[PDB]
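Chemist: Take the given structure of chain L and dock chains H and C to it, following the hints.
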Amino acid sequence: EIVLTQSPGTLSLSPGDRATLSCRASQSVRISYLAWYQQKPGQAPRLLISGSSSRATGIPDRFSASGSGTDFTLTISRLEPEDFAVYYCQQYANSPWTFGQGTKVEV
Amino acid sequence: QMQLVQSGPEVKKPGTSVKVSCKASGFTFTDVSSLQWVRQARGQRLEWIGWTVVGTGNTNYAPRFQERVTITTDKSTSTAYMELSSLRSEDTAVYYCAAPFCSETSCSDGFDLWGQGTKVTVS
Amino acid sequence: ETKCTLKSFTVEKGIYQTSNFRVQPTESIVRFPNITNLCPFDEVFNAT
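Listed in order, the protein sequences are those of chains L, H and C.
Sequential numbering of the first sequence, starting at 1, is according to the entry's author numbering.
Sequential numbering of the second sequence, starting at 1, is according to the entry's author numbering.
Sequential numbering of the third sequence, starting at 295, is according to the entry's author numbering.
The following block holds chain L by itself, in its conformation from the complex:
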């Protein structure tokens, strides 16, 4: 039920650059129950980082989770042109769960 705000709202960076995004809550503070997702138009969302400390199956090393406090941060080392999509933070600690609003990256 933690209301999550994802920042920055929009991005426009050259491909191959290093980017970092953050998401914020105001409910109960958990660190290892957060996951990051990316949804393409017309396709189901795919998982990137689970628990803010472990990669999933097949995930490249470009994604890197960070943050020790209530903030949840992700970093992408290089922006290969297929990465332009929306990102979502999700928590599992709390009562009936709420997604974020989504951060969209543009070329």
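Treat the hints with care, since some could be wrong.
[As the list claims (entries may be wrong)] Taking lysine-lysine pairs in the DSS-like style, the calculated list, with each CA pair at most 27 Å apart, reads:
#1 H:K23 to H:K75
#2 H:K13 to H:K119
#3 L:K104 to L:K40
#4 H:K23 to H:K12
#5 L:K104 to H:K119
#6 H:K119 to H:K75
#7 H:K119 to L:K40
#8 L:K40 to H:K23
#9 H:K19 to H:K75
In case anyone wonders, no lab produced these hints; they're calculated from the structure.
Modeler: Chains H and C alone, transformed into the frame defined by chain L:
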């Protein structure tokens, strides 16, 4: 391979109930595995609906979805049935079911599997 | 060992044969085929 297959998009009418299901290829509901349901509207943020425990049988529902949606699981066929009553024009969206690779009580805290979703529209 | 083999508390001078020499396995491996296709037993039994 470990993959999820869901039914096709459907069109329905007001004042009617809809049953939605999604199956798996080589994956079984078993005892420990559990899945959640998510909904995506046209250019809207994702909304969580509910998730179920196949083994124990416990269920969790959204406070706003506490009167017209029911989720049930069958271990034998390893199937999931959602009954939604009185779907409106705001309920026209794409549904997805997600479960982790959880066999012999060995599964991470992320939902790797992801179905294609069903586009349900009611006019 | 030879005291136990001869069922006596004294052994006379000589050469005696005793329990065998062997090597125990260190682990276990299993290589059944890979498929996981869920043989259609339900269709046969549940046919109308």
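Chemist: Compare the structure with each hint and give your call.
Modeler: Hints and how they fare:
Annotation: proposed proximity of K23 (chain H) to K75 (chain H) holds, straight-line Cα distance about 12 Å (limit 27 Å). Straight-line distance between C-alpha atoms of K13 (chain H) and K119 (chain H) comes to about 14 Å, which keeps the hinted pair within the 27 Å bound. Distance check on the hinted pair: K104 (chain L) and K40 (chain L) sit about 11 Å apart at the alpha-carbon level, within 27 Å; holds. For the proposed pair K23 (chain H) and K12 (chain H), the alpha carbon gap of about 22 Å is at most 27 Å, so the pair holds.
Under the criterion of a C-alpha separation no larger than 27 Å, the hint pairing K104 (chain L) with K119 (chain H) is consistent with the structure, at around 23 Å. Taken as a hint, the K119 (chain H) and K75 (chain H) pair is honoured in the structure, with Cα atoms around 26 Å apart against an allowance of 27 Å. Distance check on the hinted pair: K119 (chain H) and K40 (chain L) sit about 16 Å apart at the alpha-carbon level, within 27 Å; holds. Simply put, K40 (chain L) and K23 (chain H) have alpha-carbon atoms about 22 Å apart, close enough for the 27 Å limit, and the pair holds.
Restraint check: the Cα-Cα separation between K19 (chain H) and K75 (chain H) comes to about 18 Å, which is no more than 27 Å; the hinted pair holds.
Of the numbered hints stated above, none is contradicted by the structure.
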